[PDB]
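2 protein chains.
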Amino acid sequence: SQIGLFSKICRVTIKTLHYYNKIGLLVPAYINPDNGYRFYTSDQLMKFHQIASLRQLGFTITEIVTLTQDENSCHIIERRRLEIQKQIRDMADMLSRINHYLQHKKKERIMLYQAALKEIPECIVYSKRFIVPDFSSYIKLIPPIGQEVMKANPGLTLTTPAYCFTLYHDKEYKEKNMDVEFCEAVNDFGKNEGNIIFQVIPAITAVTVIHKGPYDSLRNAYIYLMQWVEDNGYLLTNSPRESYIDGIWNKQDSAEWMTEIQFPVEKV
Amino acid sequence: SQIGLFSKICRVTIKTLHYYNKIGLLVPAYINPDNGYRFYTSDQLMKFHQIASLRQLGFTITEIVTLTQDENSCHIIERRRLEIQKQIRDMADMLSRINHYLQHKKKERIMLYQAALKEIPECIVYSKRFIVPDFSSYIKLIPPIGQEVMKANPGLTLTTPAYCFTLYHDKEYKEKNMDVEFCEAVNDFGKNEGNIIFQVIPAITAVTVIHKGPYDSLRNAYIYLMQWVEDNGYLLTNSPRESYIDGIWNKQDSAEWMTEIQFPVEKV
Ligand code: 118
Ligand code: 118
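Residue numbers (the entry's author numbering), protein chains in the order written: chain G, 2 to 269; chain H, 2 to 269.
Next comes chain G alone, as it looks inside the complex:
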């Protein structure tokens, strides 16, 4: 059976048979030496059937070489079983994500906020946890802390890139009784004089959305994020953070400012 007839028997292209010969997966029975023409037999169709049966299960080519040459190799198929289970979980989450994205673009003509699930590493921060009467009053008392901590810790260099955020330790919603904890990441340990202390903040996977503009609309992102958090079945494992990209330090106009709200979540 010449390669054309055989390629139509097994119903696959010629280049596929060329490739399977090139990698040594399916070798013709008899190659004519001067022309190089490949001729197969029935016992090449018998092997191509096994090859295609394994290849419909997603096995990579080298995995098929091993599956056909090494017997009692059930650990590689089980490994592939676990990987396929992981991709099914991931694809179902993707389904929920794309349903929510389509649900939004029909709900609003503009996508104001996209939600990204990113991993944030562990940090070394100086932290002050305290009650706040008003979030507007919360903004002013931070540069005093900036003076104070650099005073008490000489030569303490903050991490680059700068990570300056807020934990919201409140389990429900209110506007004037916010129990917050301001954390900012530095390089080394330090002195703990004052309400300012040092602590290690563990690495977390968190869904974050970046809101750009003034802070009075920031709650929007939270409602959105909360929707997201409930829609895709994620569970909020820790208190929500808010990391400051743009603000009074870089830029003077308060409408081009930008913060990023981060929800610590776990997949359940």
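Hints were generated in silico from the structure; no laboratory data involved.
Keep in mind that a hint or two might mislead.
Said to hold, decoys possible - Pair by pair, the computed Cβ-Cβ distance ranges are:
id: 1; chain 1: H; residue 1: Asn100; chain 2: G; residue 2: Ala256; range: 52 to 60 Å
id: 2; chain 1: G; residue 1: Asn100; chain 2: H; residue 2: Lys252; range: 55 to 63 Å
id: 3; chain 1: G; residue 1: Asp189; chain 2: H; residue 2: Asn36; range: 30 to 38 Å
id: 4; chain 1: G; residue 1: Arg12; chain 2: H; residue 2: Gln86; range: 24 to 32 Å
Beta carbons are placed, not taken as given, at the ideal position from N, Cα and C, and that holds for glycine.
Since chain G is already given, all that's left is putting chain H with the ligands on it; use the hints.
Okay, now just chain H with the ligands, sitting in the frame of chain G:
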């Protein structure tokens, strides 16, 4: 903020930012013409955030380059949703097949048969449907059926490759007095003579198993295939075909016989 500090903000590789810049997506703010350095600003971070959100959604890069600026293009999102649904369906299929594979390999030392789905086209066959008392009498009676057909039709040329097969239109296991229909696909129309007719057999999606051995033990294969259709949640849509590829006519050794069982099947 050079590309290193920006790549450390997003926790992304320098090569990814390079690739994005090459493709036109996420062009940086300032490319210094003396040394070609790349400086990024936080607005580029805001753009990269939605880039990373879509890349976390499964969207290919050309789809992100078309989605990040032409904000009206929405049909491409239900289209991606349909692609993901197709993949989830096929992955669930694959998962059922891998679990069935694992149970069967843990069962027996030797994997005798290996099922594979393939799309068999429609084909113009000549057919003869009739009753047989046993399998051996049937095996002996096919060749005179072929001889009668080649005599009654002058100029009848078979199709290459030779798709010559039979159908068991019974639904339960009938060992004797079988209602069997032999058929073979030909090049073009002939004239109906006797009880042999011509017709066009429609294209199917068939789960196939190649039996190597004498014909009286093809039965095993069917049971296996049956388990495969009940286990992996497929459904037998039509009478099972059995195609003869290699056998007593081409090689007189009984142990080099090849028959390709084809269950017409549909997904549930
Ligand atoms: C110590 C404590 C706070 C700040 Sb900053 C800041 C943070 C990261 C990168 C640049 C600046 C600040 C504010 C105004 C003027 C100058 C610096 C800051 C304040 C509130 C909330 C978040 C960050 C700086 C040092
Ligand atoms: C019409 C009917 C049967 C056969 Sb064949 C056969 C040939 C090629 C591929 C598959 C089957 C046959 C028999 C003798 C000499 C040459 C060809 C055949 C034989 C036994 C059982 C079933 C079919 C051929 C034409």
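Tested hints:
{"no.": "1", "hint": "H:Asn100 - G:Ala256: 52 to 60 Å", "in the structure": "56 Å, holds"}
{"no.": "2", "hint": "G:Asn100 - H:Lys252: 55 to 63 Å", "in the structure": "57 Å, holds"}
{"no.": "3", "hint": "G:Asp189 - H:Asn36: 30 to 38 Å", "in the structure": "34 Å, holds"}
{"no.": "4", "hint": "G:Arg12 - H:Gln86: 24 to 32 Å", "in the structure": "26 Å, holds"}
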